[PDB]
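Peer 1: Dock chain A' with the ligands against chain A, hints included.
2 protein chains.
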Amino acid sequence: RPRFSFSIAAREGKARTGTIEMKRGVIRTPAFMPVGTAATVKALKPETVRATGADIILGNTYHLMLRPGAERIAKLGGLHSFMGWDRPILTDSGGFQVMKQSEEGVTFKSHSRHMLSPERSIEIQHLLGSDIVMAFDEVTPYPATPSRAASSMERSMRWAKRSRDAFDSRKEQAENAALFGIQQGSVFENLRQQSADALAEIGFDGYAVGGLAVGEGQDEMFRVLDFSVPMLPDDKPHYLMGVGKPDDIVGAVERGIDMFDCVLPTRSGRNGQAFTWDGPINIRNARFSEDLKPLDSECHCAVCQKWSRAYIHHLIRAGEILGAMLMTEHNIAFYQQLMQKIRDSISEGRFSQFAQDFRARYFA
Amino acid sequence: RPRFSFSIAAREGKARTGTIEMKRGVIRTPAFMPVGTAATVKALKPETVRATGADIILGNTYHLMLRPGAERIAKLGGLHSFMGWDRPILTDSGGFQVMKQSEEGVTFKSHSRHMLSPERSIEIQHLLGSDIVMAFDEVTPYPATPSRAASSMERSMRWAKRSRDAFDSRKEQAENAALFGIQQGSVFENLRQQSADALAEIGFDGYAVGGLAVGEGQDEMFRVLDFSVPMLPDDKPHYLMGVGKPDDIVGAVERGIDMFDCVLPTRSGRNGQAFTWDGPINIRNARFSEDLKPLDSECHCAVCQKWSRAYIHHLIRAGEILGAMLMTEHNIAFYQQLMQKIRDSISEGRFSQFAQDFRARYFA
Ligand SMILES: NCc1c[nH]c2nc(N)[nH]c(=O)c12
Ligand SMILES: NCc1c[nH]c2nc(N)[nH]c(=O)c12
Ligand SMILES: [Zn+2]
Ligand SMILES: [Zn+2]
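For the protein sequence lines, the chains are A and A', in the order given. A prime marks a further copy of an entry chain. Heads up: the first sequence is residues 11 to 109, 116 to 127, 131 to 383, going by the entry's author numbering. Heads up: the second sequence is residues 11 to 109, 116 to 127, 131 to 383, going by the entry's author numbering.
Same shape as in the complex, but just chain A:
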């Protein structure tokens, strides 16, 4: 396999399906990336993560630098070796978790004093041995005034160039990993356009839509995606960071997004929320205490093959670790089955029908 090759196999409207080939493996798109905060996808062995269908996972630069430490992970052979996941890993840059500041970067106290900058973020991602490296950005909160959105976007573009140069100057990283740029601009079309133009001029292997799902509603997010995604190079992956709910994902794919990550299936799994084709349920609810059905009636995951709602209800009620394990495996598997249905439907030219059918049932 090459360092990086994105190929689009089929299209339907703005939606695409295809593959990213990298040295450590192939990623089928549209893709969902489980989040492995501090070198673990919570409550799952890597083999279980793979068994659910994941092709790639996400690691958080900010958290890993705080514990166990980036240099330590490098000394131990890199993140893949450390955690036992040998397929691609994407690392975020830390901009989201950040949100003293200056044009040079940021200093902050560990929740010890730490520093992030375009150069240091790229370095940490190198030390981790990331396959997909993200530019270091400044993420403005919502709502943002046009002036402040413009300032953070402009700084992010200067930082995107610094990220590009840092990545390129490190031969081993440049030859073996990929670098994605991050579009900013809040909800403003003109700023989103300026940001897309700046990133395309610099040139990246992929383009993330940053700064969404930070407090604007789905309607607004979709409105911004409507104009923002077409601004990005068509022939590279489009990554919507930190999204999201199943319906968010479907609508974002309809608008040209190829990659997703979110803590929702894992975090809310531990909390008792299980995804089903008829919408989410909270397994802690008393109505499930004697329900012998699986979490979802169609799901092919090992959890739905083997255990009842009643059992998982008890485990979560009781605070048992196995409850977190089973909920998380099911939810991640559900997400991967959603992505597979999306990929197949686009391939077969029936994605619009799938989206309609999905919504009708999920929100019944």
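Careful, some of the hints might be misleading.
Identical chains share a label here; the pair holds if one copy fits it or two copies do between them.
Stated by the list, open to error - Below, computed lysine-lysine pairings styled on DSBU-like, alpha-carbon distance capped at 30 Å:
id	residue 1	residue 2
1	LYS190	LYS264
2	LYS33	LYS116
3	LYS360	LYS33
4	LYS190	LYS85
5	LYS24	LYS312
6	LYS325	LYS52
7	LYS325	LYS33
Source of the hints: derived by calculation from the structure; they are not laboratory data.
Peer 2: Same frame as chain A, now just chain A' with the ligands:
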């Protein structure tokens, strides 16, 4: 397979190795039973418990009756079905967790008001669908005066007869499960003898040594085992309840014990303690932060095949669920490997040498 058949294949001094055959499977002895407190061996799927080598697990009557409830489990098809473990399950009777009281039984408040008695304990164990049912006893704390030890022992023997009759009166239970009696008498030889005689007169499928590992030291426990185990019928299994550490197990086998359970490998696994052939280690210790070796250098478990001390150190430090999962799997696997080495050495007539070698290295 029969309802119950214990066969002794080989002996060395007081030590024995053999098999218990039951309808749901064969149990190799000496046996270690992982404890599954409230219908789960903490942090492990049942398939993982089996993969470590366990032939049987223990469930706690007291806890299960409180949550999710015995009647509820019965309605859902029994404990095996509920938790997904299809091999034998032994249930304790509740006497240990108990320790208003009367000759009829005990009432207590949930940590709702609940009741236990010989009849109710046997009933709960039936509702759970237990394969090995334990008589309901009264467990005196250590130290005990001779008078109080005698009173609790005598009550326990009356309760053993009530347990026997309750079990026998329930045809489905009598035909498909086994019933073990529990010897009491604290540290007193005469009381232990009276208790053994009473239990043998009633007749049970197996005999537990109760009331030890409740505050007396290993020396005292071993002294009591020295005279107590030979009092029990030789041709039935001997079960030392709530023991214990690897060295406890080895010494108890040397004294004629066939079955063990304890929370130690699971509970202390979650706390950071890993068993090794060179003694226990606490993985949280800073000395392990960059140690690339497996938990134990010889252990054949999947954890030792795949992850380093450094990684598990980080997980436990961070409070990650995967840390509990990996520690627990390793510790249970270690215990099963200990039992296998014990069984093989007795079979081969070299158990005394094994015990000496084990101690020399474990305590080096
Ligand atoms: N939802 C927005 C988001 C999530 N993670 C992120 N990481 C970075 N660097 N930038 C961003 O805008 C975001
Ligand atoms: N270590 C003693 C012990 C553990 N569990 C027990 N359960 C019962 N019923 N009786 C006992 O004596 C014990
Ligand atoms: Zn499922
Ligand atoms: Zn091991």
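Peer 1: Hints broken by the structure, by number, lowest first?
Peer 2: 1, 2 and 5
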